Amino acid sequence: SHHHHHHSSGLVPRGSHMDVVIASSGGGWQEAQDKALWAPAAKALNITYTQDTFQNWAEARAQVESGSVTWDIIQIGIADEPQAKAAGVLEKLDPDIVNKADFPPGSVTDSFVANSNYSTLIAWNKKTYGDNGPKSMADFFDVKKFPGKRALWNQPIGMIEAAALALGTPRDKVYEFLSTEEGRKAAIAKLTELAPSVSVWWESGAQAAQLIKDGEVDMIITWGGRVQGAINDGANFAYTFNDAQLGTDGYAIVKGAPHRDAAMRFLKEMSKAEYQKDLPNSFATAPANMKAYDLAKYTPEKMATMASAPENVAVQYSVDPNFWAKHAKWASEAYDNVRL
């Protein structure tokens, strides 16, 4: 070349050239994955690993584009999977890595294995409705049957789909309905028709949870763990997984990973039921491997709270990250107009 590829850090590298590099968001989530999945799976395989942190998948794209791939396994969201797969950032995983049958629909791809699941669900104020709150997207969108203050996300994901389900669309045909210009317009028109009754467009889960606590909303579509966290904090709220959107977090191996073969062994191992079952012990999440439930032995009351539980998976629809990859531009500006 015509420039330095490396610079003299008078430091002796701490790890080994056999250490698989695994990265996530840092903090408690990374400590939780490490204690539950990474450290036990590594001890089992008799391999070694090092931890790194990152805030966006685009950082891995930069490594691939530059030819400086230092990470092996990256912890991303299913939302980022179509974009990263199309950009040549992710390595295609081995066929037998996992059995899709052990995981909810759309949570496993040729370049992505899920580690956890969450839900965007309907919650309501018991002070307003008691036990008789909205128990579907149709009920949530009915200002005649259920009058009151609605709170929606300021982002369109899960919201346009809620409008489509409200229009009578079956859970399994949500993205078939939204595949046409006619269906997309109908869904936005439904949001507009409800817009006057929407008192708040919440920005973050921390804000959403504080609103549930303070009794400022009559009903809301937010993340389950925020609603459940606030019921535990003392909020007089109730909720349902009926018509909720099942979301996914997981792992991918970076294209040109220095320890590609070892990272593959490590990913196959940490996805096992025996490691997955310990993930909710330290963090408010649901394991993606449902075989983990044979191992957890939770109470019926505990089970009803889990996003990935068979009883709750059956009443949900999985997010289509490919739909959102294709229509993210239209959706944003169409939804922005509804809020304003």
Second form
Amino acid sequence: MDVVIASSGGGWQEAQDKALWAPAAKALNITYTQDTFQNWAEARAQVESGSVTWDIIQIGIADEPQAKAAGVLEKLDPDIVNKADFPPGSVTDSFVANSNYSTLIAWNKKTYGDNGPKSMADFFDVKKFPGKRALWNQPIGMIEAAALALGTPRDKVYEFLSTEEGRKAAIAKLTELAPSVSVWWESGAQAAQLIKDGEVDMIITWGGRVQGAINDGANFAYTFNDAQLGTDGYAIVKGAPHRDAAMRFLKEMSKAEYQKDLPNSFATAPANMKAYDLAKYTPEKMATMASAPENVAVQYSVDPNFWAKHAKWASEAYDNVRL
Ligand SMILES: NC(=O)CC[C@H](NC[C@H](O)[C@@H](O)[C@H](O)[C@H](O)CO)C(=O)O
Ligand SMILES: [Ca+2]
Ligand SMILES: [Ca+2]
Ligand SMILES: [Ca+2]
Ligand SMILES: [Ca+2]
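One more: the block was the form deposited without ligand GOP; return the form deposited with ligand GOP bound.
After this comes the whole thing, all chains and molecules, with the earlier chain placed first.
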């Protein structure tokens, strides 16, 4: 009977539940159940198994093309949101954005002090910055990081990765870093734990997770330099048992009145542009936001068009680097 909503756990899930899910469900007088997952392939596994239990799944803008093509996503209702309220391309026929985030470089202050890695070239520099690296066990932001470490300008990341030559060089660069990678982190909360325990010297992970660990007492610092500007959002699983109830829930939770509370404790940036006027965030709060003008200036946006074409190559090639 409950609409089942799934995200990636930890601080990020707690922020969505507190700001969006609990108030939207209360306003619609509906009951919902939470679940946790780390990859859209788990939703693909449900659809292919012939037994769908999830209604709404929280995925990334670059997972959307792959998931839609594999028949994992329901087509959303046309005016579920007003597209003018969200950044361009962040709302498709099968995806509604809820936030922007950064896949960025964090470093251990006990290891490097203020003299930590401030670029991808620095992150990949085991000679100037010796120590334990941690990278995601999934490729989005990881392949691009290698491309940046090779000296590719931020605005040319996907131009360099369009060639089979650049795609191979990126994997070779990750292969060269691989002996220095002590942990291939799987979840945002695990990444936050590695940071809190100082188990790693540097890490490429999500800004909200990093800020959360620092808030919790981690002696780490970070930068938006060379970070990938990502977009998180929601999709309804093809064959969702509570499809029309999930459509109603998704429409409600996308509203500015809920979106405004999304960064209250967790360092994320709401996607509904109308939320900023309602919350009137302080410049200090804005500085932690991935989509803040000064932060965007040193980042590059993830390109779903690249992932729509090269994900399978990336998934297999990156698995080998880790193995
Ligand atoms: N939008 C945010 O602020 C959260 C950012 C970041 N989300 C990245 C991912 O989208 C992650 O949740 C998962 O891999 C995804 O939901 C599972 O497919 C995080 O969990 O830390
Ligand atoms: Ca966390
Ligand atoms: Ca510490
Ligand atoms: Ca910092
Ligand atoms: Ca983006």
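Positions refer to the first chain, counted from 1.
When the chain is split into two rigid parts to describe its motion between these two forms, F146 and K92 fall into separate parts. Annotation: rigid-body hinge motion between these two forms, rotation of the minor part against the major part equal to 40 degrees.
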